[PDB]
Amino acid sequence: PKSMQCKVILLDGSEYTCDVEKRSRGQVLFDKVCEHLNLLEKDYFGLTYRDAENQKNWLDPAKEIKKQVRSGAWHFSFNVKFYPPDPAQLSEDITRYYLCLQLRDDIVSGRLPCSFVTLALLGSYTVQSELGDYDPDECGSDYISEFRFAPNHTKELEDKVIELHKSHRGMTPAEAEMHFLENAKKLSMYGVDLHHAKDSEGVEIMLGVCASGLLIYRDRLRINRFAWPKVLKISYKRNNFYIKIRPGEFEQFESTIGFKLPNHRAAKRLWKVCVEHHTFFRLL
């Protein structure tokens, strides 16, 4: 029984290595990584790989790993797939922990834009969670944390992290992680998966996929939103993505909105993440 070596980048930046039978479904590898992480609330997470075009794809747990990675290396990342709008209601602290680690990467990467004050406040909770109570002995007037807090670090930002860290004396790691999440969950790009696209007129837009629905970013004043309940049918054909928008009261017909994606693979990927978000965040 032939086994393939799998390498998974964990959210703390370390590498987990295991073996699975070469005909294994994605669920097999996912279960091994989740057991390694002592993670029970597995439903919010998944594994990503890079396709032949270097695009991030979700590893489908129902399908063979080899028929997804195809010609590519068996290298993956462990990531949050469904960002909970209500992190307080997750049953375990360790779930909230992995969600914080993902969000810290969302912030440092620039995928999750954040004001100066929120960067400093999120930083201060991470520092409290990881070092515990503020200690002056560690930090002088010229202190710069090992912690990456932001896409661009400034001395002013480091100073504000410390000032807020001082206010958190006695806060437990679980408590600081919950505060991190209560702030992060409010950011306008929290849990928004962005896809480049063109509207039916050729104008360049972003489509955002998240808990509350499909978002269409056209300009800083032209932002459309389709709550999942208002979405009957999601389809793709060639380079095109389509959503069937439910008839308004007393309207005779559904409305159809069409987008142009860069290529057929980009259209399919957007369709799949939409269907998965629609299913997941249909109901409670």
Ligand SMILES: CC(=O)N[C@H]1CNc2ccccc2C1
Contents of the next structure:
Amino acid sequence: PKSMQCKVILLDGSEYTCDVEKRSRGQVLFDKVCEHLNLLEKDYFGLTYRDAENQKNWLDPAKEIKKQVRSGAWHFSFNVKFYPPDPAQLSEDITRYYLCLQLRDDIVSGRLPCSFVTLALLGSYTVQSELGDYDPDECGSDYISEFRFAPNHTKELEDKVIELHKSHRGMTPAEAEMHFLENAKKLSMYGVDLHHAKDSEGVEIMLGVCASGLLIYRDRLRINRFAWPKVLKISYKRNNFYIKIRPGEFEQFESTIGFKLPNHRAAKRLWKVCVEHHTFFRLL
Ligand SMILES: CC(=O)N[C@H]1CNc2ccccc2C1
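The form deposited without this ligand done, now the form deposited with this ligand bound:
Entire complex below, previous chain first.
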């Protein structure tokens, strides 16, 4: 029985290596990673892999690994797939912990934009969770944390992290992680998967996929939002992605909004992430 070596980048930046039978479905490798992580609330998470153009793709747990990675290396990342709108509802602290690690990467990467004060407040909870109570002995007036807090670090941000860290004395890691999530969950780009697209007139937009629905970012004055209930049907054809928007009460016909994606694969990817969010958040 021939087995392939899999390498998984974990959310703490460490590598997990295992073997699966070469005809294995994605669920087989995912179950192994989740057992390694002691993760029970697995529904929020998945494995990603990068293709030739270094684009992210979700490993479909129902399909053969080999038919997805195809010509590529069996190299994956462990990631949050469905960001819970209310992380307090999750049953386990260890679930909230992995969600925190994902969000820390969302912030440092700049996928999740954040004000100065929110960067410092999130960083202060991470430090409280990881080092415990503030200790002056470690930090002088010139202190810079090993922790990455932001896409661009400044001495002013490092100082503000410490000032807020002083206020969290006696906070346990679980408690600091819950405060982290209560702040992060309110950010306008929390849990938003962004896709480059063009509208029916060729104007560059972004489409955002999240728990609540689909967002169309046209300009800073113009953001269209379609709550999942308002979306009757999703489709792709060639490089195009279409959504069928319910008629208002007393209207005869649904409206259709079409978008141009860069290529056929980018249209299919957007379609599948929309279908998965629609199913998940319809049941949650
Ligand atoms: C205050 C607000 O606009 N809340 C939700 C409502 N609806 C909605 C629909 C699609 C994507 C995101 C959202 C955010």
